[PDB]
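Engineer: For reference, the chains in residue letters:
There are 2 protein chains.
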Amino acid sequence: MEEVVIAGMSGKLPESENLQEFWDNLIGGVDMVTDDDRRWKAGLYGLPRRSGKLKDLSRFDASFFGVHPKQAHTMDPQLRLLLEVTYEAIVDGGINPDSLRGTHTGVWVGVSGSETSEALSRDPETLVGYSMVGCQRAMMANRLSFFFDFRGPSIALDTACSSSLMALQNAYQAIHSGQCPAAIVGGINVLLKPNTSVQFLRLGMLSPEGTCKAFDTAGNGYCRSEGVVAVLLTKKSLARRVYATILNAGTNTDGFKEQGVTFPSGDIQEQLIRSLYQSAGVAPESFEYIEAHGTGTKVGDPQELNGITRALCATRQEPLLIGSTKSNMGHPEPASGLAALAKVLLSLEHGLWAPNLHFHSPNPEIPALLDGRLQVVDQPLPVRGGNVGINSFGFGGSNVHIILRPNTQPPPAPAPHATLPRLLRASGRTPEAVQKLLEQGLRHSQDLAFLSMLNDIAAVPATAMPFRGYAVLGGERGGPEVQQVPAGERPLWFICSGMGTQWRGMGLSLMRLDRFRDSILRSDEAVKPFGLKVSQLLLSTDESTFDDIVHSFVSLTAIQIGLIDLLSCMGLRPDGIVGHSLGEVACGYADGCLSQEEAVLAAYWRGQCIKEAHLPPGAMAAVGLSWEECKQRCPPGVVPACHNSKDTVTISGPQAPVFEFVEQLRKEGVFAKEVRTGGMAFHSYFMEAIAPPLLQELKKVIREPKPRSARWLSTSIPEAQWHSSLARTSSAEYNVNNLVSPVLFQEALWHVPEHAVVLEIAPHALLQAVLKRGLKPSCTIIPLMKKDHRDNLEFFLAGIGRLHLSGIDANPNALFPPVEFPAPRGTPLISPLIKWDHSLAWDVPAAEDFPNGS
Amino acid sequence: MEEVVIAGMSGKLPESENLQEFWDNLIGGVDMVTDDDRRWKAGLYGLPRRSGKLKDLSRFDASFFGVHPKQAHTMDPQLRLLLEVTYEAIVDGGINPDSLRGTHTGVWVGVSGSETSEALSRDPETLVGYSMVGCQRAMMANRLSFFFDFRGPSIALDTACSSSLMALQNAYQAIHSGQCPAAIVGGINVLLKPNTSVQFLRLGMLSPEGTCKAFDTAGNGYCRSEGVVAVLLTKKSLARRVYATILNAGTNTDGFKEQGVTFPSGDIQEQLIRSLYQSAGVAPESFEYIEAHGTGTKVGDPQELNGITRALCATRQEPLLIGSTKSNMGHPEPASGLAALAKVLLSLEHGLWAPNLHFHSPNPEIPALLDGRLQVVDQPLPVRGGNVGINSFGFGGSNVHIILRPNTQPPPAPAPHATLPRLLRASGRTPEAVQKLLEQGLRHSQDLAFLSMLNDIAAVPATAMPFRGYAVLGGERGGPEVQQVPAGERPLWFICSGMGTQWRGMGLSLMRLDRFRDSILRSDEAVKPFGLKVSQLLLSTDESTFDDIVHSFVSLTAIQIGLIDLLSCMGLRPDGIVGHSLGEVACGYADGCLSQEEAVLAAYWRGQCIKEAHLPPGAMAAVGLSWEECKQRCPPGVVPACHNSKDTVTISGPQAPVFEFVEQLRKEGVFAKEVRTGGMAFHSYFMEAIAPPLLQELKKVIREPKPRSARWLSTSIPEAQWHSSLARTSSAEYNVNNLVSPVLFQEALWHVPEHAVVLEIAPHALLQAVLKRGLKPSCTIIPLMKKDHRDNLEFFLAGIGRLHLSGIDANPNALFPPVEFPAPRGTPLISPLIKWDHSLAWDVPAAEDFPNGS
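Top line first, the protein sequences correspond to chains B and A. Residue numbers for the first sequence, in the deposited numbering: 1 to 854. Residue numbers for the second sequence, in the deposited numbering: 1 to 854.
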């Protein structure tokens, strides 16, 4: 009752390390079968010289899959290759494999031989026990279920040549019945000992020329080949990527035949095909292509093709295209179904049917090839539309047939959010893997679904993949950044600065993000009744607006609240919060003890009470003196205000004490930074009378307060008063004490741990130099906005990107509108982009480890 | 949506050639594991000396399964044994295998090793191609599907130790979904090369003592064993025999474990058990026995038993019985599930739980064994009632569990038809097989369901099983009769005699049969209005009744019609019909051109017209003269009447011509048999006037006649008049010509073919001596009734029995009321009663055909 789709694909086929190399060789018309001594001699025992073999067989990333190096040498090579391509298939689906770690997904593998098992057990005096664990035929599925933590059925089955498609049929029935949510289908074949080829030669099944002349007059046998293929099957609701939908799948057996056990029977195959499409409810006119078994034998090809033309070409009125990938590749026996399925799905993805090789004249015993009812694809011709049938028949008599419907999702309509720059994060075992992923993301910068699945597969722990990277796409600067991430957990800390950081155009560039704009409009409707709206303070800003201190207060708190909201939808939960005056006001929303409206009205009421009453113009000169030397060198009535660092302390007072330290700024090395904000002496004794009018207004907004958390480190309260009744809750008296007390921004900074990642929440990171000398040198400081930046959205996205390079997982897909659930076809492949650590070589059995009759 | 039942069982286990030998060894407490050099040496390579092995491995009936003797030598022995036990399982179900020849039944076999394949391919210069066909792992299922002509899925699967029960689980899902009507589940394991045992020894899994000390403190490993088991699964409506009903079946996998791939996890097993019974809807209180995996390892037994006591023994209030057949037998790896299932089903059939061996003290790490919540069966204790759970866990991590409910059908209530004698037919390859079946049927003569399934499995062609036999059970004579049947088809011919064969008590003994009594009452209601009823002519017969000729006529035709009805429900369709006067009247009902009422009224009207008019008393003297000499030696007005043979001709005439040939009977060798029937000259010139009154009455009964068939050979019409208008239909003029013409019973007999089987339909076979000298000597004449026989039902059943020995298939189950569809439990097993032609020895690989490190 559930729809079953094909979600992922990966493979290793002759002269085809990756699935793309496979496709290229297939459409290139290259003879992937070769005459090389890569496994045994050229023509020993009278064997054919030509065979299809894999490029390499001794490469395995043993540390990733957690196998001991002594156990990896005594493993079946086909199991090592199956582990790697099984990871690559899940990643090709767009699914992180960690989301299937407890589920009931099953594994079905089609194998037919275990030659490594009998090569590794020839000497009973030097045996090891690990050869049983790494080479037994059930372990080809059980090791996959063990590593990927799969709780479903784990079966290895052998059904001769139809073994791989039979596994697909059983996995189909498991998903269809609701037993399993997902499944993995595999198929493996490796040619190691020549005695099996001598057996097939004496049976009469091997061509002397080593060629599958499919549907040809000169066909006299097949050519043996290798291959390791895996696909990922899932229900429709879990699929990020869809290649095709399996309409139906079934099987039968020939039964008794007078001719023999080996001989094919086309009547039972015709019955299987007709019963399948009937039960599926599809008309035979709707087909356009059928991938035949097509092994090239003398008696098998007319039986199969006459069965096809009886079941399908009765009342059709159109030619039916037919092909066979064994003419391009050779015939891997238990892995022939998934290799043909890979060719079909690659042909559907690229829009062109891959041609057949070695087809010159039709077989005269097949009359449908002579009048045009069946047409062999011998040239590349485009895909028009309809269903594709795939059948594979074993020589024992097992018949399997699949009907699948390709997906035809068009590329989406253009949208105004598609012009915004995006983030792309990557991970890998080596720097080259991260470079490959980032450069392929740069090549396809306008493909939104491709970037979404690439961002989805990047959340791997640093112990598994120790190299991470990022690149900002769609911007003007660009540039991949790759570095090695240290292992372990690093705490994330939030620091939000105070006043003096406003400018012309605060956060406009990232007003294009929807969630930031929603937060800004929420703060707008909150201050709307109070004769104010921060939207004109954002868009219609000139120099007559931010010299006011009320507008500066609300335009600081709203921007910090919007940044915290963006970080909260990002998935990030802070471990420690420490602010600075109005930053400490926004720390209430950062901690959750405040909400939007109370924070914005508290900031506006602070500004309103300050602008209501009037006190002598104040100063904020900054001097190059410590905290203790400033108390003894100020005149009476002049108080130190800000304890930023051990060398930077801000003084507060009137103009004549400000003019007093102009002369002492000439003396020695003393800073003469006299930056003021409206000429008002915040954090001073001049506002001891400001609090009682202000406190009255506040009690009407932050009534029934909530207690502060242990993560919030207070900066207006000294350390010995942290347990008092005033500093447990974020009440109205807590906020008015912030204005009348000096900010202690040094003793809060020494409680930050050793390897913390510090995020600065400010419209301009002017506290970055203070935090560098004020914190431990094993900390990372990341700014989020920069004053007078042309595209501040690119600056924000680079901060999120280097947050990925520190070790904190943060998915930038949540910032943008989500992509529709089926990806459109023609989306680029992901499984060729995965690279492993292949610096080591492992043991492979040779031809001398098998009995030669000596 | 369909109920799945276990219908058949067969097996070959250590020291257990048949399933009964297995049961005996199991309850006998015999250690089926031995220390003999039956496969390799005693303790070479440091291997344990003890192992469980089959009794013989080189026996195969190659001609029955149609394999060439050169192909049989290069076959896997385990496939040969699987073919034989697969036939035995179907026969044990009570089902003829020919009724599944076109159906969609599937085959699932659990294998794990193919050592014969690598022993037969060691020399690439002397290879043969047949070793691929007979030893490839897919062929273990494909050869079964090929021989038995099965169209369903044919899969060989390997899932380590749980491989046999996994096949049962998949076959369960196929029947449950409605995909398959029936299925065959197999499991095979054979120990041939010692290198695999050395691998298991180095892994640490083998006990040094070669003992499975299940649930014991001293358990340190398992003992390797052999075994070939097959069961037959079917839907409920097809089952003649039910062992149990599968309530539920399922599987899962352990997934990732910190301890390793090999280590068992009881938590996932507990989850599987709890999910199964929940989905099945059965309470955990309803269980009474669970067959554990019970391999005897140090860390596996506490994990499995603690998982069982968490899933099952939470709120139970009763002890739960637990056992393990591996303590009796050893551990066959991929065939452990079906062997345990065989032990459980044998224990349910015999009413006693088979005890465990080698259990002395409980494992201290299992606290449920120390307080009584789990109880080990170490003594034979009776079966009380409830469900039985069977689980088998592979060492790769595959977990499978079965819930099955035993059938508790009581033996039926006694009935009056159970005292009647029955027929039992048998077939076999040898005379000893037929003798075994007949003597086991004699031992259980009162078991009706057992005899019904034995009669059902006996319909095999003579080319397959050339020895047939029969025995009449419940009679007083008895005696098995065994002979060799000649091959080919033999035509069946019906001959029904005329008058002069009546006696006192015609057919009474077989009035107890229901269909004969129904035919008699149908003829009774037909003649009821005509002031007659043949029931008092049957029961209330004395010597004042059958001296009348009307009663003799109806009591001949009714008995012959009832015999023909019994033969028609028997399944038999005649090839040639030839009668004799009133026999030729009953030939109309034999041919189908007449019905019951027309035949009975025609016979009664012949008698009524004969008894109406009166003619001079006639004679039927019989003389020892030929047909031509009788015409020249009779006086004028005296006509020869019956041409029985070349030496026997009946004369017809008055008393004074009858007295004339008394004197000539003294002369030479002339018979003086003057037997008359009422003193009336039938087949003579004295009844030329009898026909016109008779014809008038007949036109009112056999109005609108039907044409005679080519099988009916006329005896009142000469050969040259066979195409005339009088002899094409069985009209009223056809019957009145029978009375006025001589019967030509010789020229009809020369048209009978060479090897015909002749059946005599008469209440007393007085024509048996005539047919012996009148027919060819290659014909068999079978009488059906004998005059003055004490039990004529035993005489009829012996005729049907020797009809089976001729070659004609005839099932005597149709004569009696049918047996209810589920057979009651305790019905004797059938699969130990099948014997083969095992006079030849085939090749088995030795230990020297494997690499020893030389």
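Take these hints with a grain of salt, some might be off.
Given that identical chains are not distinguished, each listed pair holds provided it fits within a single copy or across any two copies.
As the list claims (entries may be wrong) - The calculated DMTMM-like cross-link candidates involving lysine to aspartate or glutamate, where the alpha carbons are at most 20 angstroms apart (straight line), are:
1. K257 <-> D514
2. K257 <-> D98
3. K673 <-> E660
4. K786 <-> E848
Keep in mind that the hints were calculated from the coordinates and are not lab data.
Engineer: Confirm or reject each hint.
Structural biologist: The hints, checked one at a time:
1. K257 <-> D514: Intra 70 angstroms, inter 45 angstroms, cutoff 20 angstroms: neither.
2. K257 <-> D98: For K257 and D98, the Cα distance is within 20 angstroms only across copies (16 angstroms; inside one copy 49 angstroms).
3. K673 <-> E660: Only inside one copy: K673 and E660 sit 14 angstroms apart there, 170 angstroms across copies, limit 20 angstroms.
4. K786 <-> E848: neither (69 angstroms within a copy, 82 angstroms between copies)
In summary, the structure is inconsistent with hints 1, 4 from the numbered list given earlier, while agreeing with the others.
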